[PDB]
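Student: So you can see what is in the structure, the chains are spelled out below.
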Amino acid sequence: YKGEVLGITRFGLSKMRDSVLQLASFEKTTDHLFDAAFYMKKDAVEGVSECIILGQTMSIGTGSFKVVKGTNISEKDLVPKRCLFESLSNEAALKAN
Amino acid sequence: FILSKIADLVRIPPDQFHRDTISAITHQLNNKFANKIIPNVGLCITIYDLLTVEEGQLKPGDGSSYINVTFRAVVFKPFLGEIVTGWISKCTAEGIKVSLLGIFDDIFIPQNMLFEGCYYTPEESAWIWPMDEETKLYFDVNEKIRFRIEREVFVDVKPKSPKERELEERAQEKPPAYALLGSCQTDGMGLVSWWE
Amino acid sequence: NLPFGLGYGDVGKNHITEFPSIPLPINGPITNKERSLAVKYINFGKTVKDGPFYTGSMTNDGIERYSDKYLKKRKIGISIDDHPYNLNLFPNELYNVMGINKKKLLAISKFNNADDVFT
Amino acid sequence: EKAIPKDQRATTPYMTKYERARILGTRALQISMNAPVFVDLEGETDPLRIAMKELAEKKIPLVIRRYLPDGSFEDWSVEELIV
Amino acid sequence: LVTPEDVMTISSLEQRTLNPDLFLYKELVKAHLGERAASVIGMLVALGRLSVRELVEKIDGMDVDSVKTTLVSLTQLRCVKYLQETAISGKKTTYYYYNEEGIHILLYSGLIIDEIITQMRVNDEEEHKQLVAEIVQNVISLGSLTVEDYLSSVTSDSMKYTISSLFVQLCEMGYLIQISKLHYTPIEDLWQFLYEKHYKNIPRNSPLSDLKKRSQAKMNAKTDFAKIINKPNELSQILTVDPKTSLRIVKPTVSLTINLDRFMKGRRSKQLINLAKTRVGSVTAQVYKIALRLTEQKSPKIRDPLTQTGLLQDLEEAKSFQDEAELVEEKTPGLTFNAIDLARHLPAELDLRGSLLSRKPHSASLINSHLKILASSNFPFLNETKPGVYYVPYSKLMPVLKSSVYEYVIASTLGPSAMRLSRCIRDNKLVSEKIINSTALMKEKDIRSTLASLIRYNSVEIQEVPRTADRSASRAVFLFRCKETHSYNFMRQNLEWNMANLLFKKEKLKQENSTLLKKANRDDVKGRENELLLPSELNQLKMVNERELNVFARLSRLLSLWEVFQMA
Amino acid sequence: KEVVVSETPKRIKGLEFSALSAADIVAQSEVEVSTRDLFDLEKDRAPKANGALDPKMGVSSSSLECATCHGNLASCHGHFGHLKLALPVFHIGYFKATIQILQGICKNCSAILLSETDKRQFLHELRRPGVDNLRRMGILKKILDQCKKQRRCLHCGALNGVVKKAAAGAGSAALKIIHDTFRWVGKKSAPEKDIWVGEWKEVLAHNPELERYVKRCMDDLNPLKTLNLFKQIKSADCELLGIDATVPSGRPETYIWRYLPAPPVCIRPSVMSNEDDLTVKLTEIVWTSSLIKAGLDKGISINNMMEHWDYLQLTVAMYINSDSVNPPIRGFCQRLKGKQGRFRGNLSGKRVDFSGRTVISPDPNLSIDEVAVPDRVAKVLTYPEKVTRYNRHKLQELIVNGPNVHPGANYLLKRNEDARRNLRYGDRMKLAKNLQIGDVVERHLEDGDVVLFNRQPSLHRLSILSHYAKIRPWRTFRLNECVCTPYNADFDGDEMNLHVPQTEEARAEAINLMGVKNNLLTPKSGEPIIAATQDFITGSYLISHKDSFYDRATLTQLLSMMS
Amino acid sequence: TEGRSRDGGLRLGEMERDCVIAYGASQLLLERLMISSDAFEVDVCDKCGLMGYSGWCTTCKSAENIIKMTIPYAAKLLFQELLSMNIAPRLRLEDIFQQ
Amino acid sequence: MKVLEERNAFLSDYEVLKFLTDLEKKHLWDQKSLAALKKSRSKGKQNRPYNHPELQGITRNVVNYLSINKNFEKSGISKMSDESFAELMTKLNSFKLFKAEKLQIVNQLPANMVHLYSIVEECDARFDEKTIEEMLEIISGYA
DNA sequence: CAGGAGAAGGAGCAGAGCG
DNA sequence: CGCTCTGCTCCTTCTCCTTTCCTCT
RNA sequence: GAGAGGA
Ligand SMILES: [Mg+2]
Ligand SMILES: [Zn+2]
Ligand SMILES: [Zn+2]
Ligand SMILES: [Zn+2]
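Chains A, B, C, D, E, F, G and H are the protein sequences, given in the same order. Heads up: take any position in the first sequence, counting from 1, add 1363, and you land on the entry's author numbering. Those letters in the second sequence? Residues 2 to 173, 189 to 212, per the entry's author numbering, in order. Those letters in the third sequence? Residues 18 to 75, 101 to 161, per the entry's author numbering, in order. Heads up: take any position in the fourth sequence, counting from 1, add 70, and you land on the entry's author numbering. Those letters in the fifth sequence? Residues 25 to 384, 447 to 654, per the entry's author numbering, in order. Those letters in the sixth sequence? Residues 2 to 273, 280 to 334, 349 to 584, per the entry's author numbering, in order. Heads up: take any position in the seventh sequence, counting from 1, add 1050, and you land on the entry's author numbering. Those letters in the eighth sequence? Residues 1 to 72, 91 to 161, per the entry's author numbering, in order.
It is possible that part of the hints are untrue.
Okay, derived cross-link-like pairs now, DSSO-like style, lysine-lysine, Cα gap no bigger than 27 angstroms in a straight line [claimed, not checked]: (1) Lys98/B <-> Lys70/H; (2) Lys188/F <-> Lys343/E; (3) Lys1378/A <-> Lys97/F; (4) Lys145/B <-> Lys18/H; (5) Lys275/E <-> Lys205/E; (6) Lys454/F <-> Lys45/H; (7) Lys1118/G <-> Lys2/H; (8) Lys97/H <-> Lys26/H; (9) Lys1429/A <-> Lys1111/G; (10) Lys1458/A <-> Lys117/H; (11) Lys454/F <-> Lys60/B.
Hint data in this document are derived by calculation from the structure and do not stem from the laboratory.
Go ahead and model the full structure; you've got the sequences and the hints to work with.
Tutor: Shown next as structure tokens:
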């Protein structure tokens, strides 16, 4: 799917997965880490190995979505409430002083 | 007293799911904004209103409800067009600290823009100010005193080190965080009853 | 293997100075002619800070007040656009931000040969 | 980016096994933190069994934010999802 | 012992990592323009050739209007050198570079004004020195000015005439030139453009040969390249004679800016005079100074004919440049001079009677003899074209000037033995330690100490000759070379970083004590320091001003020390 | 008073790898390790003032203090130090990167070796909207090849040849870089070649015995010259080399050892003293660096100084990686790489608590989705159940039972307190009476609890399944034989692991996704894999054989047997 | 610890975590490999992603951007070992909430 | 946590007092309420009030400060009503005050020539002919 | 101690252009 | 018309991986 | 550390 036939060795994986931590975990750790330090790679942790190494939640399985609890609050009380402030604020700029 | 408009994130534990949602939101906001100084804006009194509440979200390890909320808080911030009454708790020869009846006692006003005749007195600490042949116009402790606010000082710095914290604890700083500087350039100050 | 020109006394701690100790001879006391240049180096620089081409930056209440009224404006701020421009030099895309159609106004940077340094 | 309106929502109206397990886990975590239940308890004490019984009666008050790869997301109520 | 929590604060280690070019340019722009301009210049130096979209993307202050205001601020002050290229595949885009000459102009402002005042014989009259100082100050601070705006600013007719006359005199002298889009186009890209329209236009028939076709293209391109380079320096705008009263007046509509090449040629002349003051008498130094001032306008450019930067030097025909330069260096009509002109222009205050002893005023023979003693020295101060006719060889004087300045910097910083060792290695070539001891006559212990202390810079280079299969030590031998190019480049970078550090410290000190500095001009209370401020404020302001004065004096000294390495 | 404090939950968006620019190394540090000695040798082996085991870099003991956070071993995160070297040395990790940087630049002007149009085109290719690692590496390699094709500097006009490793040997030769300036000049006239000829003529006139070695002896790039060249590389020419110069530390000179970050003592603890390899290696580094610094001022022989410099370079190379030289130090590279390294032994697969491992035996009477557990291990495998007003009575009854009778509890953690209150002693009756509504009881594993039953090697996903626990007297994990086809269990002496999830989320996910009932089909083909094993098929065949004829009593007995 | 003479846990290695991944169990994976194995509350600076102690960045020396979060102690050890080499694993943080 | 607006529309020092009093009534923090149930008897219904210590303290202090004796035994705002506020706003809109110092004189009603002169800048210079005594006579009665 | 697979330098010719 | 670079293509010689762990001793 | 079951 990258365009060319790529193996499942440490050479064919290095041309598929950008994640430096995943490649280091698989094979050729120090070389990959030093190359990522030199070329200053900026991997975004989204793979399962990246999340496991950093103690996060994966993007596959039960971590592929979110759980949200409906607040269930009416729109008839969340409206702003005040007791006639605009009375004394009759826009004093309308008159001369 | 001036209404603010602050957006924050509120944690509602499952213990509070039974009551009204607005009640729990207000309870947590009060737990955060009851009698505390919001930096650069002053002291918040009470969460007044509540508007535009977004549906709560749950993080994958806690089980509470995290709600993004906006609200109008009640804060005190008089800048120039005001006259404020107060009491007296303690005075020394570096100015006078004016206190209230429990709101906050952080206002300290020196004798810079005060009456010219004011002077110090280590004994019967007071602010003697003759202004005439009669010199019996000293400021008494624990009485009404009116003053203006010319500027407000915000102490919002904290460059403290853990080693410094340990050293100060072993040896044990500017405690004030929201103070106002007073002025009494015009008359009518000192006591609301002195000027009729 | 300790070398021929070294002994155990001089080795044992790795103390690197971390502070320079070789100064250039340009640190001597200033001269009157050098004191002049400086002024024409402090003055220039001061003028361009006051100059319209700064954009250096990377109370003010909305409540109307009679106190702020009857008070003069601080100065007549001269923006970047108001300066006269030779249009054939600049790239075209910057024309929308200059004073292509704006009143001409140029500020003269007067030079005071008298030093502004205290004493 | 914004929430896709309820009128049209391509995501399957079914409830995937991952969503079901996550809903049960979240509801059991809430109940273990002394949360009110909306079913007849029948003497059950373990929060997971109470969560299962609540899901049996569709009484779990949670919704699912199905995050599409583009960034948008359809909010599906547990009551509306079918099993 | 100094803990790292204090070393990071009072050791100048955080700034020790910044690239000297980026550090210096960003600091200068921040001091003279602002923070947005400093950020834009920093992005330009770090990345190079950024469009507006890329500048917006690469800066947090990504306001398009803010970026465009910064770009116009840098362009009017010509701190940037844009480029408008047309994409064949679609929409055209304009890319901006960083202009080194504008930032140098910001750097040399005090020296520029000093040279303008001193070189023109108007400080003696004491009346229009202020006028010309204000003129050069406005020109250098506002970037580009047209004379009609400056004249309309003033009202007096006498002042208007004086300003116009000073404008004409300054433009004739060479310090002011007409500014054109050529000043806002990179020389490398200008040569790239000129390589085409002379190579593409060749007919598709057999050209002489592809190498000969490229040679023809280069030969044709160099001509109009030099012509368009010298076009601003032709005085084609000052000759608006006789609009009324038949006087020489500069054309009102032509914009004028400061000619940095002329000022740098003046700086080179001053450096040569200072060098000559260490080899000949005061009178002979004065003669050399006045000869340099006479030939200064007609001298070749300090940096290069602008072709070295444009393209690759050559396969080996880069020497042609030298030769070509040498040709002009010998055949520009203004360069060649005899003692008669010097005697004509020599000041009367010079004795020039008993200075020279025959054997163990304004005489032509004495001036010719002084020129001969200038030309006799191994340092090529002057060279003889015709019997009794001299010209100052700039091509053969740059290397010796650079070598002398570098050797004396080494002598001043390290010990004199360091200068001795550097000159011994330079005169010799690939010399071992035994031959160093034999031909230097000093202790080998101090020889090794000085060599180790000197290799820390790119002064002395170690050549390893391996005597085994492995190149490990204890068997190989170590010879020593000099590689003067490495030394010159490293010292130029070191001086650039030192200047940047001085400017950074000056700005930091100005910012830290900014309260009383602001109060000094809050109510126009300047000149009333003692009668309005507290004595502690007086002492603090005095110390701040003295520190800034010392900073700028040291910056001037650093400039005078690094200009020579900047030359080429 | 009491200014508000605001906190927000934040996750790891993503790492950004880079090196430290000798200014962050000092910034992180607490002490400069400037002493070869480790202990004071007078106050009973206390750590030195600025030695390798300095307390400010952390504490290696359980009864000392770190002098920087004033905590014990458990509460000390560990603090870094810095070690300033003399005569900088190459970084073994970035040595090939150093080779590439040298190949990409001149050696007189220290400028990149690509024409203006070529570098503009290459930067345009690099800044495409979508570029992965592979295309970027290909572009950088093409840039490197193009600049290797160049023969002259575009600015200095100096000859450039090939930059390569000296001999690729074992030790020093593997860290020596030689520049061959005169490889591409076949017969053309080159001024540099004539200067070379003149210099060697001079030295041979002085010393004629070196004629045989004039061959080879290329331009040698020691780390000091490499650093001085890297200090001059323009930032605008740094993106083509792969280094992002937008941020600080994005400079070619940050990849050469000028400061060694001395790791915290927690990273390199002392065992029973007996310091580990890293402390010894950095002690040797300090000693050799001090020797070099002293020899600089004492005017030692240049041969000795160069040899000590090379020894220091090899020492630090071994410190980073022990595979560099043959003449078993655990280098950071050893600590990371390998099957038992941090990535494959501590990050992707750890040792987990609340797990047991015992022999397995059959139990047909046990239903599938259930596993029998010994009560000898069901009384140590506690589950933390939180009081929730639905199980307060049950939890306080378990507390009353205690940690000995199986339906009991081991630990009690109060809502506000930190330390777990052990229920082994302390009148647990009143503790049960004082059971609040937020406390956590480590109740003993009981019937109906969820466990993860696993057998190694875990060839496929069905090698680990979620079972409901049951409690049985014996010492063997008993499971129904029907479910022994996934695990590939044998009962010949096999053993299995049993994990106990400690949260409601983990437990629910295990029992709903990994449950045995929900995993009756293998995922590779969808065909059932949990079904009748041996002797169950035999019983079924014997029952359903056509000869079978049962009267009413036998039929009813069979029906009460199946149920 | 690993052995039986030392009261130690059972290793859930690469094959077992891959099996857990196959089921798509994320919370169980997080609980097994972080919560029940090694959990450490570190303080990461929001500006320079380097871990700090006691709410102190030690590099910015500001304590304003310090954020407390829980990561495996093995990850913290890896970060410190990488920082001991010339590698900087600068952690960049983003809000979990706020859409 | 970001402050969307450092200052929203201004709040008169009458709505804050009634709002705080109503809040204390809802939370059963009234002096009469605490003296009735929480004092002099035991909680038969065990209807505990709201349990925020800091909020109770701050709201009691602010309501007491707003309900102190008027600084020339009540503060006037205590007995002020919404219709009295409407009458006051009509009266003040009939007058000329540049700033929202109308709310400032709502905060404190001194009803004195000196205090009214001091509260507003150049009262004599702006207007001091015949309406100043009208202001004093309508502010003497707090309604 | 074997097996597998890449990266890096010598090395030997085509090919192009040339004076 | 041989001569002299480039450039390509072999050819050789080098480097990084080889379940699960699960015990005891 | 390395010798060997073991499944
Ligand atoms: Mg078996
Ligand atoms: Zn510590
Ligand atoms: Zn070069
Ligand atoms: Zn930080």
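Student: Does each hint hold? Answer for all of them.
Tutor: Here is how each hint holds up against the structure:
{"no.": "1", "hint": "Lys98/B <-> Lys70/H", "result": "holds (22 angstroms)"}
{"no.": "2", "hint": "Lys188/F <-> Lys343/E", "result": "holds (19 angstroms)"}
{"no.": "3", "hint": "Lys1378/A <-> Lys97/F", "result": "holds (20 angstroms)"}
{"no.": "4", "hint": "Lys145/B <-> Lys18/H", "result": "holds (24 angstroms)"}
{"no.": "5", "hint": "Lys275/E <-> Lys205/E", "result": "holds (18 angstroms)"}
{"no.": "6", "hint": "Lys454/F <-> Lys45/H", "result": "holds (25 angstroms)"}
{"no.": "7", "hint": "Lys1118/G <-> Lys2/H", "result": "holds (20 angstroms)"}
{"no.": "8", "hint": "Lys97/H <-> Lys26/H", "result": "holds (20 angstroms)"}
{"no.": "9", "hint": "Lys1429/A <-> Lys1111/G", "result": "violated (37 angstroms)"}
{"no.": "10", "hint": "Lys1458/A <-> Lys117/H", "result": "holds (12 angstroms)"}
{"no.": "11", "hint": "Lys454/F <-> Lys60/B", "result": "violated (34 angstroms)"}
Violation of the numbered hints given earlier is confined to hints 9 and 11; the remaining hints are satisfied by the structure.
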